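There are 2 protein chains.
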Amino acid sequence: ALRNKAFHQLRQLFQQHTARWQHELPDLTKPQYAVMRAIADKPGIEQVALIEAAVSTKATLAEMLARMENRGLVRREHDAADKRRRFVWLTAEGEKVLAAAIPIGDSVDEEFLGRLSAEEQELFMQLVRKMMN
Amino acid sequence: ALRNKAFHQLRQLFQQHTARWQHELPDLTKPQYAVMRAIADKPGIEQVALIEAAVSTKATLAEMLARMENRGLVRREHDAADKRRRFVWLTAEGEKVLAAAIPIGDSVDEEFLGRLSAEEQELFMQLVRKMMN
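Listed in order, the protein sequences are those of chains A and A'. A prime marks a further copy of an entry chain. Take 2 as the starting number for the first sequence in the deposited numbering and just add one per residue. Take 2 as the starting number for the second sequence in the deposited numbering and just add one per residue.
Warning: the hint list may mix true and false statements.
[Unchecked claim] Restraint ranges, calculated between C-beta atoms of paired labels, are given here:
#	chain 1	residue 1	chain 2	residue 2	range
1	A	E70	A'	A81	32 to 42 angstroms
2	A	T61	A'	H79	32 to 42 angstroms
3	A'	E25	A	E25	29 to 39 angstroms
4	A'	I103	A	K131	46 to 56 angstroms
5	A'	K59	A	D107	28 to 38 angstroms
6	A	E25	A'	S118	28 to 38 angstroms
[As the list claims (entries may be wrong)] Mimicking BS3-like on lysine-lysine, the simulated pairs with C-alpha atoms at most 27 angstroms apart in a straight line are:
#	chain 1	residue 1	chain 2	residue 2
7	A	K131	A'	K131
8	A	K31	A	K97
9	A'	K97	A	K6
10	A	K59	A'	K6
11	A	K131	A'	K97
12	A'	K6	A	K43
[To be verified] Every beta carbon over 10 angstroms from chain A', so not counted as near; a handful from chain A, in silico:
#	residue
13	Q10
14	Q16
15	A35
16	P44
17	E47
18	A63
19	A67
20	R68
21	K84
22	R85
23	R87
24	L91
25	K97
If you're looking for bench data, these hints aren't it; they were derived computationally from the structure. In this text, a Cβ means the ideal position worked out from N, Cα and C, and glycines have one as well.
Extracted from the complex, chain A is given alone in its bound form:
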């Protein structure tokens, strides 16, 4: 049975959280939200540096930022030397969207993390880290 595979059950949890995220924030996906968190944490960050926050490829991040910039969420400036390298900022409207979404995303995470104690949450984090490093 697929219920006995750890990574199948992982996709069940990931899609349950994504479905709840899409219901509460239909206009801000998790990769879009995480990218905005990184821009607000480091204004003027290099566009390529947002790959880690996006957990995506260069093309997916380029398409994501182009749509975000078209929706008035982010603004970008090019390098005078290499006009392909870009620096990303949050627009004033983008900071309002991000500020309103942070408690919504936290409560969506709390719907699942709340079923775990503090020790179980930190232990879930350590298990996921060991599987990647």
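Using the hints, position chain A' against chain A.
Chain A' in isolation, oriented as in the chain A frame:
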């Protein structure tokens, strides 16, 4: 930092496993592979019943099975009463593709699960289950 969010790090692990899965099996995604496992486990299963294995909506499963059936992987039969309700079987070619992919997917899972002991793997499974039930 996003590295301190449990569900962001969960997406990092899920995309790392997906990227490795796409490199080893570029023509069989995880939702396609899991659906084929369910069909081989229950030949003639109802199409709607494959939603749990697909971890998707009805439209995503309908599009997935239509592409799979077009590629000669599955075959379908309709209900004489309600021709929209369908039963799914694996074609002879589909069983060859599934048999060859099972050890490939297992080794992809082992690339990450191998970093954990047996107790840590079962404990990762229990933590994910408690977050959903």
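Results for each hint:
For the pair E70 (chain A) and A81 (chain A'), the supplied restraint of 32 to 42 angstroms is violated, since their beta-carbon distance comes to about 54 angstroms. Between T61 (chain A) and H79 (chain A') the CB atoms are about 38 angstroms apart, so this pair conforms to the stated range of 32 to 42 angstroms. Separated by about 35 angstroms at the C-beta atoms, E25 (chain A') and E25 (chain A) satisfy the suggested range of 29 to 39 angstroms. Checking the proposed 46 to 56 angstroms range against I103 (chain A') and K131 (chain A) shows it is violated: the Cβ atoms sit about 25 angstroms from each other.
Our hint of 28 to 38 angstroms for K59 (chain A') and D107 (chain A) holds, since their Cβ atoms are close to 31 angstroms apart. A C-beta distance of roughly 37 angstroms is found between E25 (chain A) and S118 (chain A'), which places it inside the suggested range of 28 to 38 angstroms. A hinted pair counts as satisfied when its Cα atoms are at most 27 angstroms apart, and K131 (chain A) with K131 (chain A') qualifies at roughly 20 angstroms. For the given pair, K31 (chain A) sits about 17 angstroms from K97 (chain A) by alpha-carbon distance, which is consistent with the 27 angstroms threshold.
Distance check on the hinted pair: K97 (chain A') and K6 (chain A) sit about 21 angstroms apart at the alpha-carbon level, within 27 angstroms; holds. For the proposed pair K59 (chain A) and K6 (chain A'), the alpha carbon gap of about 23 angstroms is at most 27 angstroms, so the pair holds. A distance of roughly 34 angstroms separates the Cα atoms of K131 (chain A) and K97 (chain A'); the hinted pair therefore is violated under the 27 angstroms criterion. Distance hint between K6 (chain A') and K43 (chain A) is fulfilled; the C-alpha atoms sit about 18 angstroms from each other, no more than 27 angstroms.
For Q10 (chain A), the requirement that its beta carbon stay farther than 10 angstroms from each beta carbon of chain A' is not met, with the minimum near 5 angstroms. Not every C-beta of chain A' lies more than 10 angstroms from that of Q16 (chain A), the closest at about 5 angstroms, which undercuts listing it as non-interface. The non-interface label for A35 (chain A) is inconsistent with chain A': the shortest C-beta to C-beta separation is roughly 5 angstroms, within 10 angstroms. The Cβ of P44 (chain A) lies farther than 10 angstroms from every Cβ of chain A', with a closest approach of about 15 angstroms, so its non-interface assignment holds.
Chain A' leaves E47 (chain A) outside its interface by the beta-carbon criterion, the shortest separation being 16 angstroms against a cut-off of 10 angstroms. Remark: the non-interface label on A63 (chain A) is consistent with the geometry, its nearest Cβ contact in chain A' lying 17 angstroms away (cut-off 10 angstroms). The Cβ of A67 (chain A) lies farther than 10 angstroms from every Cβ of chain A', with a closest approach of about 21 angstroms, so its non-interface assignment holds. The Cβ of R68 (chain A) lies farther than 10 angstroms from every Cβ of chain A', with a closest approach of about 19 angstroms, so its non-interface assignment holds.
Every beta carbon of chain A' lies more than 10 angstroms from that of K84 (chain A), the smallest distance being close to 29 angstroms; the non-interface claim holds. Remark: the non-interface label on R85 (chain A) is consistent with the geometry, its nearest Cβ contact in chain A' lying 24 angstroms away (cut-off 10 angstroms). Annotated as non-interface, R87 (chain A) keeps its C-beta farther than 10 angstroms from every C-beta of chain A'; the closest such distance is 20 angstroms. The beta carbon of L91 (chain A) sits about 15 angstroms from the closest Cβ of chain A', which is more than 10 angstroms, so the claim that it is off the interface holds.
The beta carbon of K97 (chain A) is kept farther than 10 angstroms from every beta carbon of chain A', the shortest such distance being approximately 20 angstroms.
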